[PDB]
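Encoded as structure tokens, the following chain is the form deposited in one PDB entry, with no partner shown.
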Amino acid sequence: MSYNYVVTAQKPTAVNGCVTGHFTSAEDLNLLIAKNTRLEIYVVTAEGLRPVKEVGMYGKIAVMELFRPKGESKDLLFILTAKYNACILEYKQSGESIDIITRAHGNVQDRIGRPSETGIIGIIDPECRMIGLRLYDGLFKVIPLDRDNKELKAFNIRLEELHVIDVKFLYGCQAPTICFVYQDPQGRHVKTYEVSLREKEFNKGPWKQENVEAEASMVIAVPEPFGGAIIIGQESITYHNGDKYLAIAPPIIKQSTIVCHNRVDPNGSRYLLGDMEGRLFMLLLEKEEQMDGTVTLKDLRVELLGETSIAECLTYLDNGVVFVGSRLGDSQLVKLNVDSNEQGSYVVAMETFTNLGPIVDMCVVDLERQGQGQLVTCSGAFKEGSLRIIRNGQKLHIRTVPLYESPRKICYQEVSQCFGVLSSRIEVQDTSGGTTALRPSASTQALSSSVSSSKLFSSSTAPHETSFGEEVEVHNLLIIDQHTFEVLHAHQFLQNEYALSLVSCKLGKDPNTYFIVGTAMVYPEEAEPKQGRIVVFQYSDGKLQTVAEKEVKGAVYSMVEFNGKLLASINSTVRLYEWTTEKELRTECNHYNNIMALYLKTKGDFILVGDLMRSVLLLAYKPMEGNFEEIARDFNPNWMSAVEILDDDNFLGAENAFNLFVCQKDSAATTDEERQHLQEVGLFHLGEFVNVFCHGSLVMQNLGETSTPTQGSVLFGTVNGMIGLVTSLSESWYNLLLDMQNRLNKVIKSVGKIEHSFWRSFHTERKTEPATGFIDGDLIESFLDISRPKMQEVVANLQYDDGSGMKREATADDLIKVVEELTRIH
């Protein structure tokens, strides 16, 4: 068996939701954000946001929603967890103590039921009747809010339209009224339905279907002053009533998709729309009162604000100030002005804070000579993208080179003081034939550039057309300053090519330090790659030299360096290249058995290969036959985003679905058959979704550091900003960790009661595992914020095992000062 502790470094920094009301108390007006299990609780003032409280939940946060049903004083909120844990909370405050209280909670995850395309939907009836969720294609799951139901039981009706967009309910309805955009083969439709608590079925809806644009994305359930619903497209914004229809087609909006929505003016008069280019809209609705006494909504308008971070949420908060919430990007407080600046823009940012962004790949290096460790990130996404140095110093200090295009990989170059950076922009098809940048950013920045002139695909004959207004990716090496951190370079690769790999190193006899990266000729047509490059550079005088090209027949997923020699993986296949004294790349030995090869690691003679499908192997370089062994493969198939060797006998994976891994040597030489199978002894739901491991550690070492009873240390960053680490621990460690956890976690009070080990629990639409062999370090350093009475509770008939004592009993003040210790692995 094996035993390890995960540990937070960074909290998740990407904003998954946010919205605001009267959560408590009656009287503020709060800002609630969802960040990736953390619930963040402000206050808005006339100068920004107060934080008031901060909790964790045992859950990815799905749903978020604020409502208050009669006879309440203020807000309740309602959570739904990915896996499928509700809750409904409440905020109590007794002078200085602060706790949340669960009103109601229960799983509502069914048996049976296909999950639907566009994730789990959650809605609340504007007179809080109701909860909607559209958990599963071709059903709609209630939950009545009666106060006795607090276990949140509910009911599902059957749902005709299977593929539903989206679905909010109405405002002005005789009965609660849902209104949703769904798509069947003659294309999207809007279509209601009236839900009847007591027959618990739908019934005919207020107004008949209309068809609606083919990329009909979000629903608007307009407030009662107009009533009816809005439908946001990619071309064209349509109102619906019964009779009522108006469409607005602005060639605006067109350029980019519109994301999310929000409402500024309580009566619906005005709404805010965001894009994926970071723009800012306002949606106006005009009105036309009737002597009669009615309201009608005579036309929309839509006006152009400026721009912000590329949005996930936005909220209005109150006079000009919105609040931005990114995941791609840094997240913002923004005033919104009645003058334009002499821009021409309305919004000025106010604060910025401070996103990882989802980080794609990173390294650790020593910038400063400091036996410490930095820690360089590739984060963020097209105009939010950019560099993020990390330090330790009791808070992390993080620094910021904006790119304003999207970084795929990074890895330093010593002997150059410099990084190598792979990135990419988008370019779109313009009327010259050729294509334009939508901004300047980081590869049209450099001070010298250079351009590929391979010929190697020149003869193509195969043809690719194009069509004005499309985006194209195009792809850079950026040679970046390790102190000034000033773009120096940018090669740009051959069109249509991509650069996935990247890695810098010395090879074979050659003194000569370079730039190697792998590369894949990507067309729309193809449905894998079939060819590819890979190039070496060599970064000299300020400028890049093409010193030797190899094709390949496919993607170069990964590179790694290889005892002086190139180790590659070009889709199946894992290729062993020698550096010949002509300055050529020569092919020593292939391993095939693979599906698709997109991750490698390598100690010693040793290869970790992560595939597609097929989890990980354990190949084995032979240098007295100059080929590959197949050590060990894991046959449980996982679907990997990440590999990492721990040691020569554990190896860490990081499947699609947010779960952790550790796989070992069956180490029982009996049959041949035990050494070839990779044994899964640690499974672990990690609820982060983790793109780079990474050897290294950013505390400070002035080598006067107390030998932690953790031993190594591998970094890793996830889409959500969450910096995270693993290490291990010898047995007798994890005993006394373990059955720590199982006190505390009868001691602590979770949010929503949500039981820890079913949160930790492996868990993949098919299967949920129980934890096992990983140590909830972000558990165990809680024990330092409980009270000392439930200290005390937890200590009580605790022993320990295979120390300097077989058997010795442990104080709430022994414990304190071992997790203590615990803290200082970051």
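Numbering follows the first chain given and starts at 1. Basically, rigid core = biggest C-alpha set you can superpose within 1.5 Å across the two forms. What changes on going to the form deposited in another entry:
Considering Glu470, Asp243, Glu705, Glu117, one residue stands apart with a C-alpha shift of at least 2 Å between these two forms following superposition on the core, and it is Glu705. Relative to the superposed core, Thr461 undergoes a Cα shift of 2 Å or more between these two forms. Taking the rigid core as fixed, one finds a CA shift for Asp813 smaller than 2 Å between these two forms.
Instead of the form deposited in one PDB entry shown above, give the structure for the form deposited in another entry, please.
Shown next is a single chain and nothing more.
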């Protein structure tokens, strides 16, 4: 068996959702921001936000909504986790003591159901009579909000329309009514149904189904002054209520997809819209009152306000300030001005909240030579893409290097006092027949530049047809200085060539240090690319020189330096190349029993391979023979996101389901099969998507050595910006920390009453297993925050039978000392 420890070094920073209401008091205006597994509660002020409380939940926050039922003074909070943990939460403050009360709890998972494509949707009735959940295709789940339903039990209504895009509870109806845009073979349609709690079924809906745009995205519930609903698409915005039909198709919104919607005027007169290039719009509902006293909608107008961060959620706080919640870039506070500035913008940034954004690759390097270690990340997307320099110093100090384009992979070349970074930028087919970039970015703002002139793939006589307006990715290698982070050089790869892999190394007897890039020629028709290059560059005297290129018949997804030779994955193949005295790559040996060899790591002559569905495989070079040999494989099928080698016998993997596992050699060589079966001895639900595993530590080091109970350091970056650390334990320390956990779980009160053991259980749509071999360091480290009696309740009867000595009883101040030593590893 194996024993490992996992802690958070940086909490999730990406904003998954934001709501405004009256949660902490009926008087205050609150902004509840949701990051993965983290809820942040703020109080709106005239200058900005005042933080008041932050809790963690044992679950990914999927639905977060505020409502106020009749008989309550202040808003209540509904949260549903991605594992279908549901709860209703209330804020309670006793002077200086702030607590979140769990009013209701339940798990709403169905034994049978198909998870929907557009994900979990949760909506609440305007009269707060019921909570609507869209969890599965063909089903609508209703939790009625009666006082007695503290168990949050629910029933399902059959839904004829299987593929639902979005749904909202409609305003102004005589009964609970839902409006949803759905897709069948005839296109998309918007339809309505009435919800009857008494009959537990749908009745005929108020207004008829209409045929709507095929790319209809969101349903907006218009408040009672107008009533009805607005449907946002890619090219058209439509308001449907009864017989009234209004449709605007402004030419500005066709340029970029709209991803967020929010209401400014409670009247429904004004709405905010956001697109994927950061633009912020205002949707204005012109009002026409009839002499009958009744208000009809005259026309719809969309006005461009300015540029924000590419935002997942927009939420307007009063007095003209809007919180831009972003997953791909920094979140923001902005001011909407009545008068435009001299550039034509009505939007001016107030504050910027750091978001490590999507961390696609990272490398650990001690640039200042302090011996400490700093983490350089490829973080952000599109205009919000950046490098981040992260150092420990009690908070993390983070420097941001805007690239204004998408960063892909990073590697450090010390000989050149610079980094190599792969990047891609979006250009649109323009009227010249070429392409034009929307914004200038790192690859265009380089001091010196070059373009590949390779003739390898020039064999196609005719180019693939290009029509104006189509997006294309343009890939570059960026040479960036390690002190100034100036883009010293940019190399642009061939048209339709993607840069997927990057290494900095010396090969063979060649004293030169090279930047080596692996690429794939990506054409929309091809399911899997069938052309690609390995390119050897030398960065010398401010210019990148192409040294050698090797044609390969696939995508070079990963490359790694292996004992002076080049190890590369080309589609299903894993290949080893030698670097000849003629400065060319020569094939030595190949291995083909893979599907998609997406991740490679090495240690000595041993190679760890990560495959799309066949989990992890251990290969050896076998130097005498000169051929690869399969040593052992993990036979439990998994879809990998990143892999890492912990030691010669333990291997770490990350699943696309937000799970971590550790495989080991069976260590009992009875039969050759036992040796060949890699055993999954560690299982753990992380809750984050790990893209990059990387050996090292940011801890400041002053000859501090072997004081730690933990052995090893693996850092990992995630999509939500979370940075974590995995380390190994001895059997003795593990059981101490494992037994302590079971005690802390009985003592510590969970938000929503979520069982910790459930949360960390390995979970795919198909499997749920109890966690094994992993210590939730975030649980252990919370021991130093629970009150003193709770500490003594936890240390009670706790005996540590470490071995090589008899069970010794534990003391509370001794355990506080252990955890304080453990907090020094991050």
